[PDB]
Each structure stands twice: as structure tokens, then as C-alpha cells.
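Given next, in C-alpha cells, is a single chain: the form deposited without the named molecule.
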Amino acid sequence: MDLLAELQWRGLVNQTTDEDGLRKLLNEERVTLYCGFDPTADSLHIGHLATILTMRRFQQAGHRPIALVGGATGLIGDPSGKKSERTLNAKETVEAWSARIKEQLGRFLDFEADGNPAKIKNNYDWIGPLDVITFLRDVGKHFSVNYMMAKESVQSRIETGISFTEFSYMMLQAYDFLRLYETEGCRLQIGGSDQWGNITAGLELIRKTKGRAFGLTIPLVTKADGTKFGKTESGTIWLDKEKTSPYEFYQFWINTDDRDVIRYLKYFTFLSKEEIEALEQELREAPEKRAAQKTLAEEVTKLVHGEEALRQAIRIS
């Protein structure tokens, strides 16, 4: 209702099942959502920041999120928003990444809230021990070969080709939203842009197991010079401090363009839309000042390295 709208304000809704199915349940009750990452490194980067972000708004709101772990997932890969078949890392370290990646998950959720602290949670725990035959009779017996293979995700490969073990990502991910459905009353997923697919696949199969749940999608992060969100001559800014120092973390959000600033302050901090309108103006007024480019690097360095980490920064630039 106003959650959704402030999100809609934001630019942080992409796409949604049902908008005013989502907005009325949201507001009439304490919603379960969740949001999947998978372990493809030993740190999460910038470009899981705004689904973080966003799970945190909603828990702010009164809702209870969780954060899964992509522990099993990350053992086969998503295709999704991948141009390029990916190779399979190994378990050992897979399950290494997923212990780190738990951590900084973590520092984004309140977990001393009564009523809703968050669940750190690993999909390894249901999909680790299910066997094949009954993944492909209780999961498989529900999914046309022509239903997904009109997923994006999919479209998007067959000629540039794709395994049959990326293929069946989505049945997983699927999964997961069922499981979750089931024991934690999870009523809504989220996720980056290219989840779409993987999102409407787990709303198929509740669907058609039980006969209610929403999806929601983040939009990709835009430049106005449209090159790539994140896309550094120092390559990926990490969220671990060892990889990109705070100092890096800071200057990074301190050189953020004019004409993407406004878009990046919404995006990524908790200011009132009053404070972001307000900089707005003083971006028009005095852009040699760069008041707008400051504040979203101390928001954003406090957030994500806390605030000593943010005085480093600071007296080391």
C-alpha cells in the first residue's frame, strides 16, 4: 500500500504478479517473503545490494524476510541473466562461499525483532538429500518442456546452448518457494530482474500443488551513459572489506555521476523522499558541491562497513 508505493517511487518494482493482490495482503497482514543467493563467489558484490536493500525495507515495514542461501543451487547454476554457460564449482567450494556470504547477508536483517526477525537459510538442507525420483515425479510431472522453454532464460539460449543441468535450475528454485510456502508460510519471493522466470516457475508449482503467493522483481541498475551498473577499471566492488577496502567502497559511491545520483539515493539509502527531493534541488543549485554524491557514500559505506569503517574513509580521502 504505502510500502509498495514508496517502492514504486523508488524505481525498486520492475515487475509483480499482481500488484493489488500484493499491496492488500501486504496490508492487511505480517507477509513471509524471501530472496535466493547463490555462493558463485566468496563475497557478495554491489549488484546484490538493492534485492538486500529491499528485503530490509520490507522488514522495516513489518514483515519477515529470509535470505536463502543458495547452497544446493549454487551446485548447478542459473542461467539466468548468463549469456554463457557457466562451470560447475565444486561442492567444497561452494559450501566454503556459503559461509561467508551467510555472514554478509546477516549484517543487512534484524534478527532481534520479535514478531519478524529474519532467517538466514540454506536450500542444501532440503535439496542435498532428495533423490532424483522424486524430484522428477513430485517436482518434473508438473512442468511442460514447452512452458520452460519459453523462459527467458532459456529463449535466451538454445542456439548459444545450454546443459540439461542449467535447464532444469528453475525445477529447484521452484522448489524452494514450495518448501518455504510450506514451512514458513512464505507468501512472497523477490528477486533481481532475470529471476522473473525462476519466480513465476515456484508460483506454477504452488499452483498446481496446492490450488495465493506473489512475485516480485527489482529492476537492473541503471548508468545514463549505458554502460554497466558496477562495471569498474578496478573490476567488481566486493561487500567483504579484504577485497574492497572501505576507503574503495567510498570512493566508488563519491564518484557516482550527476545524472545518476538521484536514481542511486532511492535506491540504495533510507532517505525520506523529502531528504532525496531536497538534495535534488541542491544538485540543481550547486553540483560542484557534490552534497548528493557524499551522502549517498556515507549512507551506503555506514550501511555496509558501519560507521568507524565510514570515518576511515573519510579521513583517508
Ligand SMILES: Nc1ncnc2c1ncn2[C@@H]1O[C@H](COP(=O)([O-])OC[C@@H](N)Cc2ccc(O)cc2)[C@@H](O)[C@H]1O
Given for the second form:
2 protein chains.
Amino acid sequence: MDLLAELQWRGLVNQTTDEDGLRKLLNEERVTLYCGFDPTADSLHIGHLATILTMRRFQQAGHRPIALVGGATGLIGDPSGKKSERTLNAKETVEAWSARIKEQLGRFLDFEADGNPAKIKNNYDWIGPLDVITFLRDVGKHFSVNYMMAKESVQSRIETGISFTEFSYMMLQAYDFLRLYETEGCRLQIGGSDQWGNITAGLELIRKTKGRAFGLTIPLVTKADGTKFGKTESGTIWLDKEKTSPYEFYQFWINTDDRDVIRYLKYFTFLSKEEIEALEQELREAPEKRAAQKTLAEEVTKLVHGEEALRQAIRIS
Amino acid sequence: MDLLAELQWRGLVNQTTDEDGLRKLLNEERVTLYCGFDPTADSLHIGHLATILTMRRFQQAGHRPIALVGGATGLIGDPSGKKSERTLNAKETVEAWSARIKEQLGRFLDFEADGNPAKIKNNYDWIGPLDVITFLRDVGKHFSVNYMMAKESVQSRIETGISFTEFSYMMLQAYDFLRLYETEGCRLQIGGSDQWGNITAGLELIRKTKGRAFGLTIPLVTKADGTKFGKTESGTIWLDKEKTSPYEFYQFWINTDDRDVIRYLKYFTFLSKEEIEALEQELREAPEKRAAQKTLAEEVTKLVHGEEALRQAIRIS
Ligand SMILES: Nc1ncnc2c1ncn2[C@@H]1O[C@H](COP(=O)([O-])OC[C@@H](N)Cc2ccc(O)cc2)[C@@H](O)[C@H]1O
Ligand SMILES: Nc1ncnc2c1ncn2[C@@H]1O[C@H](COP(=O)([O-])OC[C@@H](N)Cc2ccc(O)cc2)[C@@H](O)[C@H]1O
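Next, report the structure of the form deposited with the named molecule bound; the form deposited without the named molecule has already been given.
Let us now look at the entire complex, which starts with that chain.
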């Protein structure tokens, strides 16, 4: 209803399976949603914050988030939004990394709330031990090759080339949504733009096994200059303060271009509309002041790292 | 060398991966070959005898056959030579059926020979317990979707439609050839016409994992009238004497059309060339006698059922 309008307004809704459908339910019930995380590194990064912060926002309007760590799938590899086939990582690496991601994840969610506290889960627990035969019959039977072949993630790669391994990724992710629906009452799966195919894939698995649930994608982060967001010359801007220091984190935000700043405040912060509009007026009336740029930077650094870190960054700058 | 020439002559060689390559090895070593059987019913049928009898022939020239029972794959379903998607059978049914097939299989092979006795094996033993993750990474990584999509079995079905389940069948079969190569020194996989794709699939898995082995397909059984061999008005001609009695079996063969008879003697019998040519002359000189028709029928009934059964059929007719 209004949470969906806010998101809309903030510009956090790229697509939704059935908006009137979802808006209805969001307003009538406490909705369990998940979002999936693949240990693709030893740290999450600012590409992951929109989705992370969106969960929070869903939590704050009283809904319950399951941060999902991908111990099994990050063992497979999601072709989505990748032009090339990736390298398969070792179980040990993935295992190692899973533990960290779980840690960064837990900072953004509320585990003490009563009625809607998070859960952080690992699909390795239900993927780990499912036998091949069972997967192909139980899950595979439900998907035609041609449904699968039409996915943006796949269609985008067939001449490029794609391992059968990567080709089946969507099936796992598919399966995830089903276990979470069955065991946790999970009705919404949200994600970034590139994840739409894998979300619907899960809705196709649910419909076909039960015959109820939604999908919402967040747009990928835009730049007015047409360059790739978060891609600095120094390299990725991590969430691990040992990977990217609080000062560096801080400075990244402080260097937001006038063109981006109101979009980023909307995406990454908890300032109200009334506050954001106010900053918009000051960016117009006094853009050398850099009022919106400091508010963004303070707000986000506090979120990720906390006041002391913030206090340090500011004092260091 | 000469075994391959014989087969050639008999007309049992539709295709071979590398004939000079295989001919060489067949003449220089004791070759381990397998042939795969899917419990698709509670009995094998005369569609299966060419392949079965071919193994025997390979055994007789001193080679070692592994009759393979498909407890796992017949749980999946091979699209090959099927225009439509099949129904998935119960584990229990497949399990039940596996036991019978193993029994009919064992009749055609020599288990007492020293140096080249058969083995009857079940891919359920190595497929049964392989986890999904392991399969997609260990086996899937090696095959592009586009290699797979070009297979006769698959390409022949995409508009028709094909479950991902059936789409992956070739991967299992793929895997089979690899375990058998690794654990049994198996270098040749033979099969019927429709199996070429799945054979090569296994050679692609071997090359790519090791960097040696061959594939030979037997033609599907021809009729001069253009109808489907073994398809009677009474229904399938089984190998189970409780499904098709010895008399019925016998009569089926005895009703061979003049057009087929020399081809069938070549395919299903152990008569020499000199003998087959002799019968060819008598079919020419005296075709009302039905000399080739009785020799076929006697020879084959003895093979499948034994003399007493034969004696009965003849006395019953
Ligand atoms: N700039 C950005 N803007 C917005 N979102 C961004 C950006 N960068 C990354 N993301 C997102 O952050 C999440 C990270 O997912 P992933 O590791 O990349 O794979 C995703 C999935 N395969 C993991 C998964 C595994 C199992 C499962 O059940 C569900 C999901 C995704 O929703 C992705 O859309
Ligand atoms: N008229 C006929 N002429 C000649 N051959 C015929 C005829 N009718 C049936 N066959 C053959 O007999 C064998 C029976 O195999 P299948 O049950 O039908 O599936 C075949 C495979 N999916 C089973 C398998 C499973 C696992 C594995 O590793 C290998 C193979 C095959 O080689 C097939 O080609």
C-alpha cells in the first residue's frame, strides 16, 4: 500500500510479478520475504546494499526477512548479469566465505524484534544432501528446456557459450523459493534487476507443485555519466572495514556527483521524503555547500560501520 | 579385423566412432565393452536381441561383455527415439523390473569363461548416491548446452517439448561410460541406432576428463514392407515365456517374409556365411519349402528358450 508507494517513490521497484496482488497482501498480512546471497568473495560490497537495505525497509514496516546465504549455489554459479562463464570455486573457499557474509548480513537486520525478527539461512542445508536423481525427477520434471532457454540469463549466452552447470543454476534458486515457501511461509523473493528470471523460475516451481507468492526486483544502481556504479579506480568498495576502510568508504560517498546524490539518498538512506526534497532544494540553491553529499556519506557510513568509525572518517578527512 | 568384417557383412554396423582405430584394438587386445539396459518394462523384447546377441558375438571372439542394468536412468527416461515425453515410473516398479531384466540378460552371456566372462552391472550403484552439486560440477561443467542441444534426441524435441529431466538423461549415460572406463577398462560402448548421441556424449566426457575408447551402433531392425519390426497385431514379442509363449515366439519367426529372412538370419543367428548363402540359394530355388524360415525360427527359439521349449513349439504347430 504505502510501503510499496514509498519504494516506488524512492525508485527501488524495477518490476513486480503482480503489484495489486502484492500491495494487497503487504497491507493485510505479515509477509515473509527472502533475498539470496552468493559467497562470490570474502565480503559483500555496495552493489549488495540496496537489496540489503530494502529488506530492512520491509522489516521496519513490520515484515520478516530471511537473508539467505548461498553455500550450495555459490558452488554452481549464476550466469545472470555475467557475459562469461565463471570459474568454479572450491567447497572450502565457499564454506570459508559463507561465514563472513553471514556476519556482514546480520548487521543490517533486527534479530531482537518480536513477531518479525530475521533468520539468516543456508541453502547448502537442503541442497547439500539432495541426490541427483531426486533433483532431476522432483524439480527437473517441472521445467521445459524451452522455458529455460528463453531466460535473459541463458538466451544472452548460448553463442557466447554456457556450461550445463551454469544452465541449471536457475533450478536450485528455483528450489530454494519452494523450501522457504513450504517451511517458512515465504511469499516474496526480492532481488536486483538481473535476478528476475530466477525469481519467476521459482514462482513457476511453486505454481506447478501447489497451484500465492510474489517477486520484486530492485533496479541496478544508475549513474548519470553512464559508468558502472561502485566501480572505482581503487577497485570495489567493500563492506568489510579491513577491505575498504571507513574513511575510504566515507570519501566514496562524499564524492557523489550532483547528478546522483538525490537518487542515492533515496536508495541507501532512511531520510524521509520531506527531508530528501529539502536537500534537493539546497542542492539547487547551494550546490557548492555539498549538503546532500555529506548527509549521504554520514548516514551510510553510520549504517555500515557505526558512529565511531564515522567520527574517525570525518576527523581523518 | 575379421570380427568387425563379419559384423559388417552381417549388417550389424550402422556407425562407428573410428573404425580403423577400433578394428586395430579389437585385434590387438581383449576388449571390455558394455551395452545399457533400461527397465522400461518387466521383460526385454526382440528389439533388444540384436544388441544382446551382438555382445555374445563380441564374447565369442574372446571379448568381455558388461550387460548394464539401468536402475537409475530408467528412473529418468531417455528421449532417444521417442517423439514424446514419457511418464516417470516409481522407484519400486523400476527396482522390481531391474531384477527380471538382469535374469533374462544373464541367459545370453557366458559367466563361466575364464578371461572373458560377463558382469551384469547397475548404474543405480554409482548414480543412486551421487549428490546433485557433485553431478553439476563434476559432470555438468564439461558440457555446453549447445553441444547438448544439437543431439538428435534433443534437437528432435524442442518444439515438441522436453522436460529438463529428459534433457539431462544423456549426462547420466555420459557418466556411466566414465565409471565403466575407470573401474572396468571398458573401451567400447555399443547400442542400437538411436543411442549414438548418448555414446558420443560419453566419449566427450572421457576425452575431457582424461584426454582411447570407441562407440558402435547397430542399425534398428528393417522390414521390406516399411512397417515397424517386432510390432505384431497381438502386441510386442517378449523374451519372457510367460509374456510370449515359446510357440508364439516360434510362429513369429516362422512367419518371416521372404524379403526379411536372409537379413534376420544374419542379425539373430549363429549360422555361418557359407550356411546363410546356402539358405539364400534354397530360398531362390525353393521358396515354398520355407527352409530359411524354419532355420531362423528354430535357431532363435533355442537361443531364447532352449530345445525343450523348441520341441514343444514345433510339436504344438
Ligand atoms: N548494483 C547493484 N544493484 C542492485 N542489486 C545488486 C547490485 N549488485 C549486486 N546486486 C544484487 O545483490 C544480490 C547479490 O546476489 P548475487 O551474489 O550477486 O547472486 C544472486 C543470486 N544468484 C543469489 C541467490 C542464491 C540462492 C537463492 O535462492 C537466491 C539468490 C542480488 O540480488 C543482486 O541482484
Ligand atoms: N529394434 C531394435 N534394434 C536394435 N536395437 C534395439 C531395438 N529396440 C531396442 N533396441 C536397443 O536395445 C537397447 C535397449 O535400450 P533402451 O532400453 O531402449 O534404452 C537405451 C539406453 N538409454 C539404456 C542405457 C542406460 C544407461 C547406460 O549407461 C547405457 C544405456 C538399446 O541399445 C537400444 O538401441
